[PDB]
Amino acid sequence: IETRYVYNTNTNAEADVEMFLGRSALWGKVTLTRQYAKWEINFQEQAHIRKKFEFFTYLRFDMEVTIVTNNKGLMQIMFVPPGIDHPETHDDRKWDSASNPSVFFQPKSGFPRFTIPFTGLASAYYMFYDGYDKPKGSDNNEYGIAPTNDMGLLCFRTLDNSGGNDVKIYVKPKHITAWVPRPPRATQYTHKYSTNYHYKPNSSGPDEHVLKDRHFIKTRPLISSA
Amino acid sequence: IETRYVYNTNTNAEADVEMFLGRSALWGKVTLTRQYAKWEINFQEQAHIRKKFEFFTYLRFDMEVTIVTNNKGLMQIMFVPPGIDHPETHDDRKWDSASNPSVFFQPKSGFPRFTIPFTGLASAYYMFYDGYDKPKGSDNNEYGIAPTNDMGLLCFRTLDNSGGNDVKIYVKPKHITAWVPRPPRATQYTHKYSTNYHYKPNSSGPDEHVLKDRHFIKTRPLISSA
Amino acid sequence: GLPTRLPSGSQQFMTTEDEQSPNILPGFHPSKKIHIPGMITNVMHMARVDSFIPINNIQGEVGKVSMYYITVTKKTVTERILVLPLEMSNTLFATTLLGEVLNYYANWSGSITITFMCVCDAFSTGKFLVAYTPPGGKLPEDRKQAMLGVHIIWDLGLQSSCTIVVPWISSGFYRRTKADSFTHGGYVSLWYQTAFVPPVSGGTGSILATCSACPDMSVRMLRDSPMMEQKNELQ
Amino acid sequence: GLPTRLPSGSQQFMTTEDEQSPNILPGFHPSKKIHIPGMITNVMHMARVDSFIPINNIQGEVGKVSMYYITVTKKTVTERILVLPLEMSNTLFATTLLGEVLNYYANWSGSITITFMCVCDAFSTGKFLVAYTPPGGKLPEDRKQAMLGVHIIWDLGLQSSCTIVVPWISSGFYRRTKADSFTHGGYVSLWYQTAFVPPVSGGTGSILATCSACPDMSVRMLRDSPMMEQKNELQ
Amino acid sequence: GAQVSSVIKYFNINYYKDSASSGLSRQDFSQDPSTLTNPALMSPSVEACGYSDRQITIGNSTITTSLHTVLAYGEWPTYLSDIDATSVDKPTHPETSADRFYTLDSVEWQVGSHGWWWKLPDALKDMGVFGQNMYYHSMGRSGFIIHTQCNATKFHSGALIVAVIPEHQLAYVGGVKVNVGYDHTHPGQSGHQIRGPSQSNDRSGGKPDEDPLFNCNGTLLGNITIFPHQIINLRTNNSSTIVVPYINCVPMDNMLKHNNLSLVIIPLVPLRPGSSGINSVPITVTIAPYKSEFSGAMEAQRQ
Amino acid sequence: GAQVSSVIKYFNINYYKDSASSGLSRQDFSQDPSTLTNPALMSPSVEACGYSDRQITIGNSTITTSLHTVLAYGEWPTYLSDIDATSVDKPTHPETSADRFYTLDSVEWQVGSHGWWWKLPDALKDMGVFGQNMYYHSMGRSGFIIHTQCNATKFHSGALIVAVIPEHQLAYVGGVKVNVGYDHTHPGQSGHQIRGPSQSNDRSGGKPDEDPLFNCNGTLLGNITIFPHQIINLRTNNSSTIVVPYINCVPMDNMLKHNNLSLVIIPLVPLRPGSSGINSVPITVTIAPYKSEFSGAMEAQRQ
Amino acid sequence: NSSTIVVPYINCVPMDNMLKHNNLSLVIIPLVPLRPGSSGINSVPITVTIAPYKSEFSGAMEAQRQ
Amino acid sequence: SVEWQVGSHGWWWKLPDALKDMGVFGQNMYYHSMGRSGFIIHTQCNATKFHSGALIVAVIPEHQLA
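Read top to bottom, the protein sequences are chains A, B, C, D, E, F, G and H. So for the first sequence, full-length UniProt numbering puts the first residue at 621; every next one is plus one. So for the second sequence, full-length UniProt numbering puts the first residue at 621; every next one is plus one. So for the third sequence, full-length UniProt numbering puts the first residue at 333; every next one is plus one. So for the fourth sequence, full-length UniProt numbering puts the first residue at 333; every next one is plus one. Going by full-length UniProt numbering, the letters in the fifth sequence line up with residues 2 to 6, 23 to 51, 60 to 79, 82 to 92, 95 to 332, in that order. Going by full-length UniProt numbering, the letters in the sixth sequence line up with residues 2 to 6, 23 to 51, 60 to 79, 82 to 92, 95 to 332, in that order. So for the seventh sequence, full-length UniProt numbering puts the first residue at 267; every next one is plus one. So for the eighth sequence, full-length UniProt numbering puts the first residue at 135; every next one is plus one.
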């Protein structure tokens, strides 16, 4: 009913956090080898989309997930809510679930898309968390945002094998609310859920344990001559 | 809501610049050899559509791009905005972009179409530009409209190889505003971004360096006998 | 849910259709639109502008500036100086602003406007007969058969008498741009009414001619102009 | 039933489109939204915050805290202390809050704001000339050619004179973030107006510089920032 | 969806909610309905709008001739004003010191002379305090008044075409892919004498096309009448005047790199002497910067 | 469907009937139309909102300096109130006994000293009856007032950056995948002296990153100004004051496990003695818990 | 440390040549010498910055430059 | 700039003359018969609290040298 005027575009409307983060980007790639694939939902894997969320300490957003597959003939996705056991293979009895939400599609028809509202449990997502899940003396303490949530996971199977094995998960943050701004990251990520930038290039032989920053600052011959 | 009366047709409504240039024509052809293809967006390549824009010195228009492919099974297009590095191959890590807009489609479903608004940076596009980007003494001066803009480029990959390799890019100028009229071109284009008409037919051997106009004027035996 | 049907011509892609399309790059802010002199909203207004007809196009004169003018001298008996067969596909008209706007459209209507301009000295004087023979008539071959059509007497020392307006005389409502015997539009020819009298024997006149559309000119059915051809890729 | 048509761009999937989507997990109740300090609704407001420019980036100084400050001493004749070529793709600006917000966008507009801060003792005194040479000008090479552009005289013992506002002087309405000869934005250079006079001969000054956006800064056409690269998968 | 804020109505609807996602543009009406010529083209008579702005005198120099002035694109030159301008910085207006008639080197018009062209503002770069303000400023815009004057007797004959081409982009003299050199398209006040066409014309350093028929850009003469022009016929008039506003997409451009106009003078019909023995006549060009603005002051861009 | 309860209108419609199924979020208007800066960022002056709340005295301890106080995120600390709170259980307010200035061990600032950091509330865990209420309560929230004070003479030189980083997550000192130890990120009042960078820095037991340029988290200095900060320049001011509210997603967190702030002090420009012979100066930090709340009382979580 | 002086146009004539006639002089005299203190700096720069203000020109010609 | 030393007797500049090569002011001198201008002279010399000595910055109309 309501006619809801907005505008065409304003000056910096490119730059508002809704439009800045409101593009659907790839958060992970999996392969269907054995007809089964599994992906734990996170933005930690892809360094470009990870760097944009990390301008902000806290985010509250819905996400819509779009599955781009080169396979064919039929597929099932099962969103497994936290705290239970996901199907470990195709032909697993746990693919029959009265409750766990799942989505069937035929990849040649369209691209399946659904929405996962804000599950954060904390009232916002921690991009950076300075604290531990277990108390002081505890033997294994996870540091950072890893214990603070889990967004679920997506199990994939293929009922008709047919074409390629490559699944791509594109998700779009929508309805974003971002809070405490942070410096952009200056250095290439070397891990997931970890903020450490030291690369440690080698493994097997000599000249091990020399490790690199991998920063983006580059030099100039002379100040004042630029 | 509003009922917006126009007309059926008026007399010369065929000839107004909106209808004159408002047909979707082929601005370039590429081939998917290696599963990768790339096209820098320009109208300079196709002589017929180039001749129509060049009745006018300045144009301001949106463009909608329609991709006609004989390939199948899936494809990705990535619009790479200026000033960054485009993916150089399929399986290039730069096909994973939090920001660069891209469009997936399955060629057997439909023809993908999107719109690129006016990017001109100058308030209109230069069809002809009489000046240089670099100052006087500069060693390499690009003459003409080549430095004045870049409309981006379109990167193509194929996730499922399947059928043919031939991509065709049809774009339609829409919302056109054309300004300073010019004489129609009388001569066949011999280059891109260059207004020179001398053909230089040969290369390797003798009788080189004789060059042709290739104009469209043809004679008659006698004045007064026509 | 809602019973939609997809008829024939639904999943079609038509070059010439009109449809809305999603905007890649949303929120993009176009640079502001200033006031540039010379806006042209319609391409017929280019056809309205006078443009010189290559009235001398022959073996030697094509490709040079001399292709635009005819030489007239004093002659004892009338001659037929020039003939402009009226077609928009003909090199005479096709290469002008009029003719090369009209070669995008498959047929037309309205009046051509042909102006003559004599480049000579101030002491020369002349009377010319400019005659348009309607569709269906032969090319006159002598002045007494040219005068019986539309004609004007173009006199030097006026330059208000230069312009002949080719009237629209046709059976059908439109005339095909490509010359054919069915719709053919006729002939504009130039004659000596009296003479071109130079200030001194052996003097020489030089005549130019322009063509433009009249405000009632109309065109339809946009097509590929024969006036451009791409025989090899541009690189 | 209803004659719908599916045009081109119907079954498309566009990364940047805007479309509603079905909610898996219906009836899900989001946890309540409390008041967290520091909400940021737009990413240009990060560009507004001062951030130190790595004005000393050379072979040895890169990768250390000393990359942010320049050493000034007392000199008999004016020298060119520093040059900040104005580009948002350049390591000087690209690594700040300004430049690294603007490297997501393919071009920009508005004024840069450059503040200088001298770290020395309270007894030192100095006069500096901060000059912005507009687009199209050469880098000055001497102070008499630097003074003829935009300039401010930055005097110690005020710290109201530190900030120079790089004006927006451009032909086009927007300037490309990636440096090119067509849109290039010019040069901010630092000179000795008079001298840096220490309290004792052999004294040493140390100069820092910040950059932030002015409220009329604008950006458009979001893209992939060159400021991040993933060369191997994160595990 | 969205909408926006023999006769067929239609509901204006943006299905995709945006401008520029919309389809092609027609001419709307609010209520039912129930154009042929553009005077801006066709080069009006400068009385065809108004003559109050004009005996022609700009800035301490006088022209006495002004119903036969052609007003290019029917627009009178004017300052950038505001709201069409990019920078807020106040431009400089030199007015009567740099807005004045600058007469250039005369050129013999002979038998066989193919033509001449001058690039603007370039021709004026060394002329007076206009040519000083080019170098000391980043940007600038100017309108011009071109007065072309060629006088012969009643015995002479022949015609010129005096045309002003916005953004006249020269073709390279032939063959391979080369940009014409910065120096050959910036000749100075002397302009460029068109010496071609020939197969023997030199090809080096990006030299411009020498063929007058194709306008050096590959488009015929006789269609050159679409630009602002006058035809000087020695049987009728000896002189010409053209008033061009500032044509460009940008409010202000460099003026050293970008030449936004060209003054082309083509001997459409050759020069024939009569009983007189005079084989050649001078053609003189007088350019007046008008409503010129400069901004972005710096050190002289002069090398 | 559903709906819900250059200018383009649109009919607001949820095709799928739900929120969060809706598309991206724009800025609505009820009628036709016809922002540039955020003062909350940029660290206001605590007079830039109001000074009535402030000579600075909390809870029996006095600071005499307060226009130069920076109010972090332009928000004044305040109790959790209601309606933003999870538990209905009434929190404890210690007020003036546990809300007071606690001065920590001074640290020599030398030539070559790379920096220092303190985690909060952690630094205060042994301090007074604030540090007692941490252990005896499940949860808690507090705002802090950080007063950093370093005095040298007019002969000395050099500058510090005093910044407060919400959720400052340290990087492990290098190489393989390890979580920094609970003990190394909870140093107590002594904080952590940044001794690096070097290739020789010890890697064991999850020790934190020693590199001050990358903020130990991998983000440059000089962008550290996006957080609430002050720059102490020995030419200008000797001291600093920062008022932080309680920043967190949760109304109350543990305070033993989660450190929701970090006080980082970086010698941006080194310390150079003048004619004076003093090579090092103490830096002193004084932290005041402010508007602190505790709930979920239990046995002391102390080991 | 500094000085500022705002001079109008002083002359009998409304406008003079400006090449031949210098209608002002800026004189800077070290009234008391420069003595360094405990510092070792024996000399200090003096800088002069002149702004033409409310300038008018008339009688345009070819540059009088030689 | 000019070094101010021990024993430096003084300096003078003639106006408009000092500006004759400066910018588009110094261009308008040559291309015009006449002209008038007011000036703003900003003289700036900075030393420390240890230094000493004084300058006289004066503007003399029609300063005719001997």
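Please note: incorrect hints may appear among the correct ones.
Stated by the list, open to error - DSS-like cross-link-like pairs, simulated, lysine-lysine; straight-line CA separation at most 25 Å:
id, chain 1, residue 1, chain 2, residue 2
1, A, 728, B, 728
2, B, 714, A, 788
3, F, 286, D, 365
4, B, 658, E, 206
5, E, 206, E, 236
6, D, 476, B, 756
7, B, 658, D, 470
8, A, 649, B, 658
9, C, 563, B, 832
10, D, 470, A, 838
11, E, 154, B, 820
12, D, 364, A, 832
13, D, 476, E, 236
14, B, 832, C, 396
15, B, 658, D, 510
16, B, 754, D, 470
17, A, 788, B, 832
Hint data in this document are derived by calculation from the structure and do not stem from the laboratory.
Here's how the hints hold up against the structure:
Only pairs whose Cα atoms come within 25 Å are accepted, and residue 728 of chain A paired with residue 728 of chain B is accepted, the gap being roughly 9 Å. Pair hint residue 714 of chain B plus residue 788 of chain A holds up; C-alpha atoms about 14 Å apart against a cutoff of 25 Å. The straight-line distance between the Cα atoms of residue 286 of chain F and residue 365 of chain D is roughly 23 Å, inside the 25 Å bound, and the hint therefore holds. The straight-line distance between the Cα atoms of residue 658 of chain B and residue 206 of chain E is roughly 23 Å, inside the 25 Å bound, and the hint therefore holds.
Restraint check for residue 206 of chain E and residue 236 of chain E: the C-alpha separation of about 12 Å stays at or below 25 Å, so the hint holds. With a CA separation close to 22 Å, the supplied pair residue 476 of chain D and residue 756 of chain B stays within the 25 Å bound. The straight-line distance between the Cα atoms of residue 658 of chain B and residue 470 of chain D is roughly 37 Å, outside the 25 Å bound, and the hint therefore fails. For the hint linking residue 649 of chain A to residue 658 of chain B, the alpha-carbon distance of about 24 Å falls within 25 Å, and the restraint holds.
A C-alpha spacing of about 14 Å is found between residue 563 of chain C and residue 832 of chain B, which places the hinted pair at or below 25 Å, so the restraint holds. Proposed proximity of residue 470 of chain D and residue 838 of chain A is supported: the alpha carbons are some 24 Å apart, at most 25 Å. Among the hinted pairs, residue 154 of chain E with residue 820 of chain B is inconsistent with the structure: their alpha-carbon atoms are about 36 Å apart, more than 25 Å. A hinted pair counts as satisfied when its Cα atoms are at most 25 Å apart, and residue 364 of chain D with residue 832 of chain A does not qualify at roughly 43 Å.
With a C-alpha separation of about 38 Å, the suggested pairing of residue 476 of chain D with residue 236 of chain E is violated against the 25 Å cut-off. Between the alpha carbons of residue 832 of chain B and residue 396 of chain C the distance comes to roughly 14 Å, so the proposed pair stays at or under 25 Å and holds. For the hint pairing residue 658 of chain B with residue 510 of chain D, the CA-to-CA distance comes to about 21 Å; that is within 25 Å, so the pair holds. This hinted pair checks out: residue 754 of chain B and residue 470 of chain D have alpha carbons roughly 12 Å apart, not beyond 25 Å.
Among the hinted pairs, residue 788 of chain A with residue 832 of chain B is inconsistent with the structure: their alpha-carbon atoms are about 54 Å apart, more than 25 Å.
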